[PDB]
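Residues per chain, in single letters:
There are 4 protein chains.
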Amino acid sequence: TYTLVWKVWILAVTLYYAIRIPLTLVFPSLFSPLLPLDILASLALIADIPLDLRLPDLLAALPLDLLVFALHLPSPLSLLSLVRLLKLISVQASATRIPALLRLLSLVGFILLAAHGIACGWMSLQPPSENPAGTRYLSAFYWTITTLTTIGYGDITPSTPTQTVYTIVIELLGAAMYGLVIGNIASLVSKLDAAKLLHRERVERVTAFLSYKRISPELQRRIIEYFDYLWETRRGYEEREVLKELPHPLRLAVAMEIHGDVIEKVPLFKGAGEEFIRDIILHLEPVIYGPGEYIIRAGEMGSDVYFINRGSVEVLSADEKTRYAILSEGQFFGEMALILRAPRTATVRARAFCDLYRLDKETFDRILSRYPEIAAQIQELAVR
Amino acid sequence: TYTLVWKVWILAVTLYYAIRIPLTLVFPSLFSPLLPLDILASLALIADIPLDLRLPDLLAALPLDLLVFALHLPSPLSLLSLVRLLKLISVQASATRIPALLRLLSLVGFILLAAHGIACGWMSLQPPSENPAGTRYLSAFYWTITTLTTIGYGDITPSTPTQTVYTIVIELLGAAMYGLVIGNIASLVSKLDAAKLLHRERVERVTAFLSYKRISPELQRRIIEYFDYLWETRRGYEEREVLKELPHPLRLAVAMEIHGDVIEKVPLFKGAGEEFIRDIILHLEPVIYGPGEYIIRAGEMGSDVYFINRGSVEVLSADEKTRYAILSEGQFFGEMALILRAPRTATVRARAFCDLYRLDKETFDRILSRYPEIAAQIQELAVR
Amino acid sequence: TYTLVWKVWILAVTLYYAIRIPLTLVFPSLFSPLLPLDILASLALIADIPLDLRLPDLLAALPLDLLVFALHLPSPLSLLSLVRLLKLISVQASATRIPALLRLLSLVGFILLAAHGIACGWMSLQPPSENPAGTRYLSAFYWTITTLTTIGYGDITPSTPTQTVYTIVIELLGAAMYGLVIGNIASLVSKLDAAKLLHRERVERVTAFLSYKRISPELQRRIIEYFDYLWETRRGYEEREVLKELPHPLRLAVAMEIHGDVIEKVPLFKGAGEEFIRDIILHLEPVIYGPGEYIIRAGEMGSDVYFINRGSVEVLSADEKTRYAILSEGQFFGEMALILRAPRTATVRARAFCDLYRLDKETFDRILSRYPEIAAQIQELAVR
Amino acid sequence: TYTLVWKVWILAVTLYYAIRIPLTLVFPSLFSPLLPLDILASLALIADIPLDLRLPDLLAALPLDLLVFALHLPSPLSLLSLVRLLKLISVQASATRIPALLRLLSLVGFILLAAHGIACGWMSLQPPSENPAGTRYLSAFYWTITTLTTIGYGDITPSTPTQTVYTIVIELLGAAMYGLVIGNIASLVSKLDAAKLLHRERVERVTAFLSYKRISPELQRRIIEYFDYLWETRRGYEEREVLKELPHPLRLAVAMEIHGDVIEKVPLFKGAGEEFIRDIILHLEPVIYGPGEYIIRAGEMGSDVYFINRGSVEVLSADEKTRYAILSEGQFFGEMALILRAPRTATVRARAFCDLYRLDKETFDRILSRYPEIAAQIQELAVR
Ligand SMILES: Nc1ncnc2c1ncn2[C@@H]1O[C@@H]2COP(=O)(O)O[C@H]2[C@H]1O
Ligand SMILES: Nc1ncnc2c1ncn2[C@@H]1O[C@@H]2COP(=O)(O)O[C@H]2[C@H]1O
Ligand SMILES: Nc1ncnc2c1ncn2[C@@H]1O[C@@H]2COP(=O)(O)O[C@H]2[C@H]1O
Ligand SMILES: Nc1ncnc2c1ncn2[C@@H]1O[C@@H]2COP(=O)(O)O[C@H]2[C@H]1O
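Residue numbers (the entry's author numbering), protein chains in the order written: chain A, 10 to 62, 81 to 125, 132 to 417; chain D, 10 to 62, 81 to 125, 132 to 417; chain C, 10 to 62, 81 to 125, 132 to 417; chain B, 10 to 62, 81 to 125, 132 to 417.
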């Protein structure tokens with residue numbers, strides 16, 4: 010769009026004023042050559058009220092400048108020129124509508146602008162000396178960053194009672210600002226990148242107690258390695274415990290957008306209409322299995338239907354001998370447990386860290402009854 | 010009322026003593042013209058015990092003043108005059124019975146009062162010099178705020194062993210107070226305005242993981258925009274997960290007070306007695322639907338009765354053609370699913386971010402059986 | 010007992026050594042008159058190993092003293108005399124087996146002892162001057178508390194390269210200790226008195242959102258006043274949500290100890306055996322009702338039996354007229370709903386913030402069937 | 010393995026460069042005798058790219092050294108020699124793949146290396162003086178640790194405008210680093226050893242409220258002593274509330290590995306196949322009972338089967354007289370409640386803090402029906 014360029018340009022204009030207006034307060038030698046750059050900035054700043062898509084904007088937009096330094100408006104009553112900086116609140120509020134920027138750019142940039150302003154103010158109540166403005170500005174900012182950040186050298190100290198009063202309030206405000214921002218950043222880096230901080234402690238607690246006990250090396254592996262698979266394939270995250278709070282039509286939408294891998298590639302899941310993909314993809318619950326891991330033994334009960342998405346798993350006999358075959362992508366098994374109401378003849382292991390989807394049984398038999406075509410689709414692969 | 014004026018006036022009196030009594034300790038030149046303002050303050054402070062609707084009040088109310096400085100009661104035994112400031116505990120406790134004031138006014142104001150008192154105390158053990166009291170007070174407060182806030186210039190340093198002992202304990206206590214208050218405020222601004230801090234992180238976690246995955250732009254919208262609707266219409270808040278802990282008669286009262294919009298404007302909900310509004314307004318569960326969002330397809334099961342409060346939704350045929358009509362405020366639909374025990378003929382979308390109330394079915398059929406009049410009221414709109 | 014006196018006396022002995030041994034290192038003028046007080050302390054410290062009801084105790088108990096300063100054991104090899112202070116670990120561990134003391138006395142006392150020790154150490158590598166030991170000790174502790182607490186005056190600075198090396202490590206260690214303890218206390222006062230901090234925020238969140246909405250003044254009261262009743266009678270606390278984690282025999286024991294008020298004062302609950310008081314006092318669930326609050330209307334269903342412990346409640350007719358009677362302490366009602374299987378004729382309000390116990394119905398009818406005597410006890414008051 | 014030695018040697022090489030390269034920048038007198046030790050380090054650093062099991084490694088591996096100081100490559104363009112230290116990111120990332134090291138060695142070691150580097154840099158923009166390099170290095174590091182750790186002596190101050198500019202940015206960066214690391218460590222020690230910190234507060238809350246009430250001394254004991262048994266035998270930990278998040282095959286594996294004590298030592302649990310130990314060891318729920326604690330009275334209902342692992346419990350009559358016998362390790366009781374469908378004749382107490390396993394009943398009767406052999410194994414001990 011084009012309006013973001015307008016926001017960044019008005020931001021630049023407000024920074025221009027925040028750097029220049031205190032300098033013009035201290036140095037009346039300015040504002041004489043800058044009048045074109047001042048009138049353009051003033052017209053830009055006054056041409057912003059009606060763009061809604081208001082007190083600070085109205086207070087800053089009144090043309091108090093071009094008069095403060097022209098009519099020369101003596102110093103005790105010229106301190107009302109600072110009301111032009113109240114656009115800081117508006118721009119900080121709008122900076123959210125554009132932890133990297135909430136408490137980072139709104140804090141260190143504010144600290145720098147405030148430091149510049151207060152160094153210029155501390156420059157103002159000094160006796161008129163004979164030194165270059167640049168080196169005096171560096172010295173003033175040096176003293177300012179010394180007392181604002183709580184260092185305390187003391188090579189520059191107040192001498193007049195009015196400067197001693199000013200240094201009381203600047204000491205208080207600066208050590209408040211320093212402590213505030215530093216404590217905020219310290220409490221925020223303990224929240225920054227909250228995925229590695231929360232998840233790694235999730236691993237720490239479990240690991241800690243299982244290593245308080247003693248566990249075999251071939252079970253020490255696959256524990257830290259299941260956390261590694263959940264750290265690399267899933268990046269420290271289970272899914273369902275975080276997706277309850279998202280609404281029911283929103284679990285429908287997010288789940289049909291995300292679980293696009295399992296559906297419309299196996300002949301069961303392609304061409305299966307639409308009331309499935311809303312009804313069952315929320316019930317589509319994934320699990321992860323490691324290498325050489327058993328699920329069923331010979332003839333157990335409650336053997337739900339196993340939908341393999343990717344990965345190859347061998348099927349063998351009840352014993353280790355007489356290799357049957359390989360089952361791989363694009364197919365499924367596990368179905369003649371409930372449709373045939375019969376005990377089972379199957380043995381399963383896994384080659385590697387395989388992903389397999391495990392859905393419940395009562396909803397399965399509830400929904401297959403409402404659909405002759407796809408229960409028949411199950412049925413030919415059941416019978417042949 | 011009038012008693013709050015009495016609390017603020019006694020607060021002013023205690024501040025008056027906290028500022029003045031150390032000054033009279035250091036400067037015996039006072040207390041001579043202030044005797045009217047001292048007797049009125051003393052009578053006001055002693056006329057507060059019986060107003061219950081007690082150790083600090085009794086200890087402060089004893090007339091030790093008007094004698095400490097009259098009989099002149101030499102300095103080592105005059106330090107018991109400080110027992111009059113123990114009303115600080117009482118006023119700080121009562122300040123709750125009147132995070133903007135719990136750890137803000139009880140901390141910075143306490144810091145300022147303590148700073149004044151300890152600067153006056155540090156003034157006390159100085160050699161008698163020849164300087165104005167005002168500039169010496171500013172210098173003493175300057176050194177105090179220098180060492181209390183941990184800056185460390187060093188232009189003013191102790192010289193006598195007794196002053197070196199006093200500066201040990203004031204250094205310890207001041208750096209304790211500084212660290213305490215600054216760490217408290219730093220940990221409190223991470224709790225201050227806890228709605229934007231908690232909710233924005235609620236958005237952050239979800240957004241973070243859904244953007245760790247990749248989601249379509251027309252589904253990137255309505256996610257952040259559902260959070261925007263929950264941030265502007267609801268201000269970052271779901272309702273039921275926070276209202277369990279409120280008691281059952283209190284969910285009755287709060288819910289009948291709050292959900293006054295849905296009831297007594299549709300002819301179902303007006304004139305419907307009272308045992309409804311207690312029985313069902315807790316079961317009145319709201320949901321939000323975005324533009325162009327489906328709910329039902331053609332003839333599904335379990336189509337509960339839809340109560341639309343505000344907003345207009347179109348009804349069309351099973352296909353996109355042959356526009357039926359507009360359904361809008363003041364009415365309802367969704368009813369012939371359970372009363373007629375029949376499949377459905379309806380298609381629904383939404384124009385915008387519409388609010389719709391979704392209540393359960395088993396309680397509905399439980400309560401409609403106990404009420405002939407209002408099930409009949411449902412029935413004419415069902416039949417005609 | 011007597012052994013706690015022994016622990017406090019050995020604690021005093023360890024403090025005696027921690028204060029005195031560095032002084033004897035710096036000042037060899039000591040240890041000459043203190044030999045009785047040294048031999049008694051040594052015999053007390055060596056007579057502590059066998060009292061189990081061990082490395083630091085054994086390392087401290089070896090008689091290296093009485094030889095370090097007698098044979099004079101030149102200074103570079105005399106630094107092993109500090110191994111006697113390792114009883115600090117043992118006493119800090121035992122201080123739990125005796132937030133007011135876990136991170137308070139183990140931190141500020143440790144800071145003070147460490148400060149004393151390191152000030153004496155900084156005294157050790159100084160050129161031999163001619164000043165009183167007291168004022169030099171105050172000056173050394175002054176510099177120490179200046180650099181340990183990060184103040185930085187600079188009136189005392191290192192001059193020799195070895196003192197510059199020592200001040201590097203003491204600066205590092207002292208600013209580590211200062212930051213550690215101050216951040217710990219700042220994070221602990223945000224946990225200190227965790228009942229007012231957790232509960233008041235519990236009130237804050239609810240109050241905040243109900244005042245984000247608008248609620249009537251006669252419902253603004255009884256909300257904050259129900260929190261006041263839960264803050265004064267219960268002190269910010271519900272009961273059952275915290276007593277699940279306590280085990281089942283332990284809910285039996287704690288509940289029969291605590292709920293001694295409701296039982297054995299009404300004729301139902303006295304003389305009722307024992308298998309009740311274990312079976313039902315966990316199911317004894319309390320609720321609180323405010324003034325003038327309705328529960329039932331005329332003839333509703335599911336009117337469980339109401340056990341009033343204390344407080345008087347009026348019973349009136351279905352309308353406001355024809356006052357029936359007062360029901361008060363020592364009795365109960367609510368019973369002919371389930372035993373007679375009949376609709377109800379009752380109206381109830383409450384005079385004030387009354388406490389009433391509400392138990393479930395299925396367990397009630399399960400247990401009354403196993404007990405003829407007490408269901409009969411219910412029965413006469415039901416029938417007469 | 011051998012590759013960890015390679016990582017520690019390359020770590021030593023990177024530390025060698027981080028200490029030496031700034032010194033060679035400041036002191037061109039080096040690099041002349043070190044050429045063998047420089048060529049070996051360079052060949053080691055360039056022989057690390059292909060060992061995957081990449082921008083910093085490639086940028087550091089380019090042979091910019093051996094030319095920077097040979098061709099003498101004048102000072103303003105020689106600052107690109109610092110790009111060799113970017114292996115810090117790689118080694119800090121790999122330090123996790125090898132709270133004692135996450136935010137401890139990555140922070141204090143980084144602080145020390147940064148301090149050395151910035152002290153050498155501050156040495157660089159000094160006028161050429163005539164002092165030994167060692168004492169000047171100590172003085173520079175002294176000033177650096179003074180301003181980096183926010184102490185502020187002031188014996189060494191900048192004089193040139195360029196040094197004043199450098200001290201502005203080093204003051205800012207150093208007080209940022211100091212505050213960051215110290216606040217991080219302060220917030221981490223409140224998380225460090227999170228077992229004693231979390232559990233002791235678990236004890237604190239309960240103890241606090243039960244001591245807000247008043248509880249008998251023989252019930253004050255066994256409360257703190259049940260927490261002591263859970264603190265010494267279990268180390269502040271219940272089991273099931275933390276093992277839900279571990280997956281179902283993983284509760285199978287972890288539970289069969291951990292609960293190896295109860296199984297295969299009583300004749301019930303040995304030789305019982307395998308589908309038990311997966312089916313019931315997750316349902317194997319442990320409880321702890323203290324001395325002299327009742328469970329059943331005479332003839333109650335729902336007396337599940339009691340599996341005693343270790344400890345001896347007496348059985349007596351319904352009254353205190355006529356001692357029956359001792360029941361001890363290797364056996365079980367509690368079985369004729371459900372198999373015989375009969376009321377009970379038993380009384381039980383406990384000698385000490387005994388561990389007993391309590392499993393549910395519906396799964397027990399569900400699984401015993403599928404197993405004739407082991408229900409018969411139950412049956413002979415039931416009948417004889
Ligand atoms: N001849 C065969 N060789 C290998 N696998 C088979 C064979 N016949 C059937 N199967 C699969 O083995 C599975 C075991 O029973 P299921 O119900 O899981 O579904 C079964 C089929 O998918
Ligand atoms: N002729 C019509 N045109 C538009 N809407 C209708 C018409 N007749 C009924 N409806 C509504 O359409 C809804 C679809 O079925 P419901 O049970 O939800 O309730 C129905 C009625 O409220
Ligand atoms: N004559 C009466 N006057 C006042 N209260 C009564 C009278 N008779 C019965 N009650 C009580 O009124 C209660 C209303 O029905 P309950 O089942 O709650 O138990 C009833 C009795 O305890
Ligand atoms: N003669 C006996 N002396 C002691 N204990 C017995 C005797 N006979 C049975 N028991 C045990 O007492 C227990 C009480 O009933 P249970 O069903 O718990 O299982 C019973 C047996 O294990």
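Among the hints, erroneous ones may be present.
Intra- or inter-copy, both count: the list cannot distinguish identical chains.
Each computed DSSO-like pair below joins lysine-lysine, with the alpha-carbon atoms no more than 30 Å apart [said to hold, decoys possible]: (1) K303 <-> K224; (2) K229 <-> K246; (3) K277 <-> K303; (4) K229 <-> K394; (5) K224 <-> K277; (6) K394 <-> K298; (7) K354 <-> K277; (8) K303 <-> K354; (9) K16 <-> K354.
Calculated directly from the structure, the hints in this document are not laboratory data.
Hint by hint, here is what the structure shows:
1. Taking the closest pair of Cα atoms, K303 and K224 never come within 30 Å of each other, the shortest separation being 44 Å inside a single copy and 50 Å across copies.
2. Taking the shortest Cα distances, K229 and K246 sit within 30 Å of each other both inside one copy (25 Å) and across copies (17 Å).
3. Proximity of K277 to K303 under the C-alpha cut-off of 30 Å is restricted to the intra-copy arrangement: shortest distance 27 Å within a copy versus 35 Å between copies.
4. In this assembly of identical chains, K229 and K394 lie within 30 Å of each other by CA distance neither inside one copy nor across copies; the values are 36 Å within and 42 Å between.
5. In this homomeric assembly, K224 and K277 come within 30 Å of each other (Cα to Cα) both inside a single copy, at 24 Å, and across copies, at 26 Å.
6. Only within a single protomer do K394 and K298 lie at most 30 Å apart by alpha-carbon distance; the minimum there is 22 Å, versus 37 Å between protomers.
7. When the C-alpha separation of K354 and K277 is checked against a cutoff of 30 Å, the pair qualifies neither within a copy, at 45 Å, nor between copies, at 36 Å.
8. With identical chains, the CA atoms of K303 and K354 are at most 30 Å apart between copies only, with a shortest distance of 27 Å across copies and 36 Å within one.
9. Taking identical chains as interchangeable, the C-alpha atoms of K16 and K354 are never at most 30 Å apart, the minima being 74 Å within one chain and 45 Å between chains.
Hint check: violations occur at hints 1, 4, 7 and 9; the rest are consistent with the structure.
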